[PDB]
Amino acid sequence: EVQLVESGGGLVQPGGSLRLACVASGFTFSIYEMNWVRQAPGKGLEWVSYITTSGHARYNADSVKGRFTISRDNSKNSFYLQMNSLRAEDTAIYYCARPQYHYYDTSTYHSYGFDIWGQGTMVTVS
Amino acid sequence: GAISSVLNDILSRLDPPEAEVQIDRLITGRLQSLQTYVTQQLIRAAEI
Amino acid sequence: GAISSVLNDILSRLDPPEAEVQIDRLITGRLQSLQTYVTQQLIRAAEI
Amino acid sequence: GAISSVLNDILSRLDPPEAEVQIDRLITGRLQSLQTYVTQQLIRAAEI
Amino acid sequence: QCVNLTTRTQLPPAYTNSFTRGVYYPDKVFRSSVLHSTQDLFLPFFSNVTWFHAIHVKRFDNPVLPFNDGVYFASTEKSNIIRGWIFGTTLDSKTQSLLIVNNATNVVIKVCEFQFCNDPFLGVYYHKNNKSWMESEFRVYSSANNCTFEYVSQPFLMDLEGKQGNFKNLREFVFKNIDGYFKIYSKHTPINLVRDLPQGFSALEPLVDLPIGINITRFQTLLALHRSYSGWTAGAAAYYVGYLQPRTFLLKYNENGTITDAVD
Amino acid sequence: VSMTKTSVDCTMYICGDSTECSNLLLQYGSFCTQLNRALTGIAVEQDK
Amino acid sequence: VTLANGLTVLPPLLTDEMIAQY
Amino acid sequence: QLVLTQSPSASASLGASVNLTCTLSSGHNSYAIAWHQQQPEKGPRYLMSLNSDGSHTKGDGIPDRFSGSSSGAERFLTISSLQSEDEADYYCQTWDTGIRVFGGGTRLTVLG
Amino acid sequence: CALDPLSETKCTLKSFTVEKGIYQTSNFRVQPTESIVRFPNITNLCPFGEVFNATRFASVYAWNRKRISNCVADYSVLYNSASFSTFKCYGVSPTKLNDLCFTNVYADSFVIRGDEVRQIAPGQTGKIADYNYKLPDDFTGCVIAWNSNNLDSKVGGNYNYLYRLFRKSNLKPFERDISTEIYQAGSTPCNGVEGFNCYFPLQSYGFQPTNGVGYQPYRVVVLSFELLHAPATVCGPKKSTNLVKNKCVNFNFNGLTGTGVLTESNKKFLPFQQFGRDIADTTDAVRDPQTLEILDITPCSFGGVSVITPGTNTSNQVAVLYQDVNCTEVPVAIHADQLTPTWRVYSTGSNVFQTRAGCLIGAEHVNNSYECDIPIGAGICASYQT
Ligand SMILES: *[C@@H]1O[C@H](CO)[C@@H](O[C@@H]2O[C@H](CO)[C@@H](O)[C@H](O)[C@H]2NC(C)=O)[C@H](O)[C@H]1NC(C)=O
Ligand SMILES: *[C@@H]1O[C@H](CO)[C@@H](O[C@@H]2O[C@H](CO)[C@@H](O)[C@H](O)[C@H]2NC(C)=O)[C@H](O)[C@H]1NC(C)=O
Ligand SMILES: *[C@@H]1O[C@H](CO)[C@@H](O[C@@H]2O[C@H](CO)[C@@H](O)[C@H](O)[C@H]2NC(C)=O)[C@H](O)[C@H]1NC(C)=O
Ligand SMILES: *[C@@H]1O[C@H](CO)[C@@H](O)[C@H](O)[C@H]1NC(C)=O
Ligand SMILES: *[C@@H]1O[C@H](CO)[C@@H](O)[C@H](O)[C@H]1NC(C)=O
Ligand SMILES: *[C@@H]1O[C@H](CO)[C@@H](O)[C@H](O)[C@H]1NC(C)=O
Ligand SMILES: *[C@@H]1O[C@H](CO)[C@@H](O)[C@H](O)[C@H]1NC(C)=O
Ligand SMILES: *[C@@H]1O[C@H](CO)[C@@H](O)[C@H](O)[C@H]1NC(C)=O
Ligand SMILES: *[C@@H]1O[C@H](CO)[C@@H](O)[C@H](O)[C@H]1NC(C)=O
Ligand SMILES: *[C@@H]1O[C@H](CO)[C@@H](O)[C@H](O)[C@H]1NC(C)=O
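Protein chains in written order, with the authors' numbering: chain R, 1 to 52, 52A, 53 to 82, 82A to 82C, 83 to 122; chain C, 971 to 1018; chain V, 971 to 1018; chain A, 971 to 1018; chain U, 14 to 70, 77 to 248, 256 to 290; chain B, 729 to 776; chain D, 826 to 829, 856 to 873; chain G, 1 to 9, 11 to 27, 27A, 28 to 54, 54A to 54D, 55 to 106, 106A, 107; chain X, 291 to 676.
Incorrect hints may appear among the rest.
Stated by the list, open to error - What follows is a list of derived Cβ distance ranges for each label pair:
| hint | chain 1 | residue 1 | chain 2 | residue 2 | range |
| --- | --- | --- | --- | --- | --- |
| 1 | V | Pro987 | U | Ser161 | 23 to 31 angstroms |
| 2 | V | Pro987 | U | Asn137 | 42 to 50 angstroms |
| 3 | C | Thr1006 | D | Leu865 | 51 to 59 angstroms |
| 4 | X | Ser605 | B | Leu753 | 27 to 35 angstroms |
| 5 | U | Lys150 | G | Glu83 | 33 to 41 angstroms |
| 6 | X | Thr323 | U | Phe168 | 25 to 33 angstroms |
| 7 | R | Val5 | X | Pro463 | 18 to 26 angstroms |
| 8 | C | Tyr1007 | X | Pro463 | 47 to 55 angstroms |
| 9 | V | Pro987 | X | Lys310 | 30 to 38 angstroms |
| 10 | X | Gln628 | B | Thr768 | 46 to 54 angstroms |
Claimed, not checked - In silico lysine-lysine, BS3-like type, Cα no more than 30 angstroms apart, as pairs:
| hint | chain 1 | residue 1 | chain 2 | residue 2 |
| --- | --- | --- | --- | --- |
| 11 | U | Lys147 | U | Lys195 |
| 12 | U | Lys182 | U | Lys129 |
| 13 | U | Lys278 | R | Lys64 |
| 14 | U | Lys195 | U | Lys113 |
| 15 | G | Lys42 | R | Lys64 |
| 16 | U | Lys195 | X | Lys558 |
| 17 | X | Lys378 | X | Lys310 |
| 18 | U | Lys206 | X | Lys557 |
| 19 | U | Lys182 | U | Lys97 |
| 20 | U | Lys150 | U | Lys278 |
| 21 | R | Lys75 | U | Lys278 |
| 22 | X | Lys537 | X | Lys558 |
| 23 | X | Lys304 | B | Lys776 |
| 24 | X | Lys386 | B | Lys733 |
| 25 | X | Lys417 | X | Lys386 |
| 26 | B | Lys733 | X | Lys378 |
| 27 | R | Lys43 | R | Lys64 |
| 28 | U | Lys41 | X | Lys417 |
| 29 | U | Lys195 | X | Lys356 |
| 30 | U | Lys41 | X | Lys310 |
| 31 | U | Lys113 | U | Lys41 |
| 32 | U | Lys182 | X | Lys558 |
| 33 | U | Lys41 | X | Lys304 |
| 34 | X | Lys310 | U | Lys195 |
| 35 | G | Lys54D | R | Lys64 |
| 36 | X | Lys557 | U | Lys182 |
| 37 | U | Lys41 | U | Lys150 |
| 38 | U | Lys206 | X | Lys304 |
| 39 | U | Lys129 | X | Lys528 |
Since the hints were derived computationally from the structure, they do not count as laboratory data. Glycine included, C-beta positions come from ideal geometry on N, C-alpha and C.
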């Protein structure tokens, strides 16, 4: 069964460093690249960063002001957002979601849109 | 014909007793280039 | 100053790591001869 | 670039298999000096 | 375990034109705004390259081609069929073999004495019960013997996908075997729905300089097949092979240090 | 009637920013001295 | 008329203004 | 990137039909989307990844009622015979060269 | 020859009397006096203990190649306890081994007999340089061999080591052959079984402690380098220092020696490039190994000094011409801080005049106009007048 469980909340002043993780099980991590999406309280969800299957990272979306970093631990079958420099706006739910494009795929590439979503974690920050 | 086209490389990985041969090769080539250039410029100045 | 006056023989009994030196000697001789010829031609053409 | 500036010195303390290298170096230097001299003379002759 | 799954269809290979493809960086130094001239093994412009494609129409073909002094590879890709190569000399018997491979997250380079069957493929299995897809299948080589070299790194074949519309992932490769060094060059270019090597220019980046020092004369390309339950067939693929020759090019460098066009 | 005046520095052409310029120079520098005299004569002739 | 390591270009004595004046 | 001119409030009677509209920037006319429905106080739910031809790839628990159509540079999601559960937030999202935009919400106050 | 511009002209003309006029003087003024060295900040010990302490050490028909990276090569450790018979080094002098930083190194390893140590060299032939291990003609590295009769040889004969006695064709450089197929001597086919005119290509060495100097094992370690190309991973034990930008200084980036000023550049390198030469034989572009910041290397001062003077009989007063400078940078370009004080009083003074030809210092300009005799080069002329 596919599932995306998270952990690592904490209250810190802007500029603080924490430890964020999105653990998963029941499916292959080797052929699935993972995204992250950010949803401020009462606001719309917004992606922040992601890692590819090979290991390349994209800190795009221009809402991350060089604050978030993404990695992945294929050895321990777990997925972490390599986390440091939390800031004021970062108080939000952190649903980690799984893109539809697994590396061993067929059909048209109407994928990379999320088929499943994590339960999300509330990391209150002020 | 030397091991490198720059003088600083051949002066950075060769002791002088082995480096001076290649230094001489580069110097003879550069002096031939200046001789050809000054010959060309000299008969060009005669035409001018 | 090479061991032979023809390029084919000196490229028939010498491996390239010692032969290229003799080849270089012969090449510098051939190129000096060609440059002397072209200087002579240039000032004969100036007189013409 | 030879070990001495006169021919009599380098032909008094070197057997020919090692001496001919310095002989060749000195001869090429002298031939390039004489060739530059005749080039200058020919261009000066054209101006005269 | 391996099996005689040939189902080979014989058709003449459609020679097609590449239009100024196959040039790479000859040296590891940053020039700019210069016309550096170089003499190296290059694919000549407007040359016949061999369009090989064993799919469409249970048409499967994967012949052994010689590594004649230089291989240019292209792989307009849709669903990840071309997975690697098995360069070598005899690709069987008691000789040395190379098994350049690109799995789902890494690149495995093995110079070893593998024994090969006639139809090598990489088989990915999908389960209903676990849903995991695993490469735990090995039918290009039966086993290994006196193994010599192993290398694990970031994979050459890189997705570089996520953008939409008609552009395609054209992956170009250059393999050469000069005195004991195995050099792999690559670049990947988006192409606006072209059914042919595009009319542009390429700048193939250096990938690895493998210290192998082997003969190699019979390069071959691996493919990946799913399982299904005409056993072990699947996909859609087309690739293009041409050969490098000792030639002389003149490269013109732009202001960013990258080449613009090459004049043969 | 005229052509652009030019001059060549000996050290910066054949030595450049490299060591042993004197040892490189005492053996081969009078050729460059002759060429610099020729280039100065060309410049003076072009002004005249 | 379009004009144009130790290589220096010596300017002419007679500048363009004074050649024009002559 | 593409911007969503989705009405902050649109409404109709229960059992009737409406069409939400996802508008897209002229620069990516032939781009596909996927729809996520965000019921309040829960997580996102993926309905369909809509092709430019209106074809379907369906998530679990979603009837044939929810369908998509395309025309020009804009996109539609179709709802027919509305019921109570339709009260939710609808999000239209896309793909790019490492960008997923996701646009904004479609708060729908269907009266019934 | 280093006190006055008139004496400098006297040196460049080889005479004790010079006439009035203009003389372009050569640059004998400044000698740089400082050096900075900056290398990558990896201070691991290279596995020379693994290569040079091999208890089980590879044979010659199938020799071992080990890649060495991300460490420092301390040559002084090896001869503390090991004595090398032939430390021949090709392309790189043994003296300058310390100051270089290598990029792609590899340690070959094989055991050969005493007579065949000479065969491990570019251009030599035999049954060890044709059928077992061939070195390339344009080789760049050093072959290190020493006697190992006590370790690699035991009583009764050590038959573990093998070599290719017969082979069908000559080996390519750095090519390994491990096949043990039967070699056919005659036209008859062996068909994979030993018979007449069919021999095993692998013959065994007969190392015995009672034989002579020619018949004893010699452990050979062949190192292969690539100097001053591509990014480098194996450096020498010299320590890295700070970076002094905007000033003329000797730099040592990864073994690259030179003299010149550094500024900040904005061009972007390729990922596989660490050096740069906008034009070859200039080496303008380089990456700082510590910070990976793209910079530039530019020359620091102009070659343009000339002397304006009357004849030495008339007067000893002299003026000097500094070309292609704004006059304010004359002491910066000349580097008069390390120069003689008699040259410094001519380096800077009260009467500074900027011409288009260059900076004229030592003479005073006038609003009146007189007839020219000697040139300056920008429509101005100088002469001796009250
Ligand atoms: C979960 O995955 C593992 C491997 O990733 C499966 O274990 C093996 O699967 C192969 C596939 O044919 C079988 O041949 C082996 O017999 C399996 N191992 C064992 C110990 O039986 C495993 O079956 C998967 N779980 C499923 C499919 O429910
Ligand atoms: C497939 O990818 C895997 C990477 O997960 C490669 O195998 C792994 O190799 C590393 C060391 O290089 C081991 O630590 C892992 O245990 C391996 N995983 C396995 C065997 O599942 C593998 O080489 C790639 N190719 C194939 C054909 O499996
Ligand atoms: C390296 O391998 C190639 C491929 O086999 C060798 O080429 C063969 O050489 C033998 C020499 O006995 C010939 O009989 C074969 O006809 C050759 N094969 C082909 C296809 O030409 C090559 O000789 C080997 N050695 C090198 C290159 O030094
Ligand atoms: C390519 O092949 C065609 C026929 O297949 C031939 O006419 C043409 O000359 C070939 N050109 C080259 C460059 O090989
Ligand atoms: C290769 O492995 C086989 C194992 O059957 C062995 O007999 C043979 O000696 C090995 N090769 C070498 C060169 O030792
Ligand atoms: C959208 O709904 C309206 C009625 O509410 C209808 O007229 C129109 O055809 C619908 N569009 C589609 C694509 O079904
Ligand atoms: C071998 O091992 C000793 C330690 O016993 C070490 O000091 C030495 O450097 C090693 N290498 C050589 C060549 O002796
Ligand atoms: C290269 O060109 C691009 C765009 O024209 C510009 O961003 C960059 O500054 C240029 N220079 C280099 C060295 O890349
Ligand atoms: C050199 O710079 C700093 C200081 O150690 C460090 O962050 C960096 O990783 C170092 N580089 C390497 C290649 O170790
Ligand atoms: C020299 O300084 C002047 C200012 O008087 C300035 O206009 C000119 O550009 C400068 N030239 C150089 C080469 O620095």
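Against the structure, the hints:
no.: 1; hint: V/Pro987 / U/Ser161: 23 to 31 angstroms; result: violated (44 angstroms)
no.: 2; hint: V/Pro987 / U/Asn137: 42 to 50 angstroms; result: holds (44 angstroms)
no.: 3; hint: C/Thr1006 / D/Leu865: 51 to 59 angstroms; result: violated (30 angstroms)
no.: 4; hint: X/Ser605 / B/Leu753: 27 to 35 angstroms; result: holds (32 angstroms)
no.: 5; hint: U/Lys150 / G/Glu83: 33 to 41 angstroms; result: holds (34 angstroms)
no.: 6; hint: X/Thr323 / U/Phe168: 25 to 33 angstroms; result: violated (50 angstroms)
no.: 7; hint: R/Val5 / X/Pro463: 18 to 26 angstroms; result: violated (57 angstroms)
no.: 8; hint: C/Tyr1007 / X/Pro463: 47 to 55 angstroms; result: violated (40 angstroms)
no.: 9; hint: V/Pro987 / X/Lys310: 30 to 38 angstroms; result: violated (59 angstroms)
no.: 10; hint: X/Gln628 / B/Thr768: 46 to 54 angstroms; result: violated (29 angstroms)
no.: 11; hint: U/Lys147 / U/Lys195; result: violated (43 angstroms)
no.: 12; hint: U/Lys182 / U/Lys129; result: violated (33 angstroms)
no.: 13; hint: U/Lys278 / R/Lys64; result: violated (39 angstroms)
no.: 14; hint: U/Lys195 / U/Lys113; result: holds (23 angstroms)
no.: 15; hint: G/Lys42 / R/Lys64; result: holds (28 angstroms)
no.: 16; hint: U/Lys195 / X/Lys558; result: holds (28 angstroms)
no.: 17; hint: X/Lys378 / X/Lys310; result: violated (60 angstroms)
no.: 18; hint: U/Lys206 / X/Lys557; result: holds (21 angstroms)
no.: 19; hint: U/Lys182 / U/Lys97; result: holds (13 angstroms)
no.: 20; hint: U/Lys150 / U/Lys278; result: violated (51 angstroms)
no.: 21; hint: R/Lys75 / U/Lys278; result: violated (49 angstroms)
no.: 22; hint: X/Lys537 / X/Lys558; result: holds (23 angstroms)
no.: 23; hint: X/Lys304 / B/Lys776; result: holds (26 angstroms)
no.: 24; hint: X/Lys386 / B/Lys733; result: violated (43 angstroms)
no.: 25; hint: X/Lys417 / X/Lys386; result: violated (33 angstroms)
no.: 26; hint: B/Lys733 / X/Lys378; result: violated (52 angstroms)
no.: 27; hint: R/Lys43 / R/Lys64; result: holds (19 angstroms)
no.: 28; hint: U/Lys41 / X/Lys417; result: violated (37 angstroms)
no.: 29; hint: U/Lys195 / X/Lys356; result: holds (22 angstroms)
no.: 30; hint: U/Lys41 / X/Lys310; result: violated (54 angstroms)
no.: 31; hint: U/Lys113 / U/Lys41; result: violated (37 angstroms)
no.: 32; hint: U/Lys182 / X/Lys558; result: holds (25 angstroms)
no.: 33; hint: U/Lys41 / X/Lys304; result: violated (48 angstroms)
no.: 34; hint: X/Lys310 / U/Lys195; result: violated (68 angstroms)
no.: 35; hint: G/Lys54D / R/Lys64; result: violated (36 angstroms)
no.: 36; hint: X/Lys557 / U/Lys182; result: holds (28 angstroms)
no.: 37; hint: U/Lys41 / U/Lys150; result: violated (45 angstroms)
no.: 38; hint: U/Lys206 / X/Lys304; result: violated (63 angstroms)
no.: 39; hint: U/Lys129 / X/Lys528; result: violated (36 angstroms)
Violated hints, in rising order: 1, 3, 6, 7, 8, 9, 10, 11, 12, 13, 17, 20, 21, 24, 25, 26, 28, 30, 31, 33, 34, 35, 37, 38 and 39; the structure is consistent with all others.
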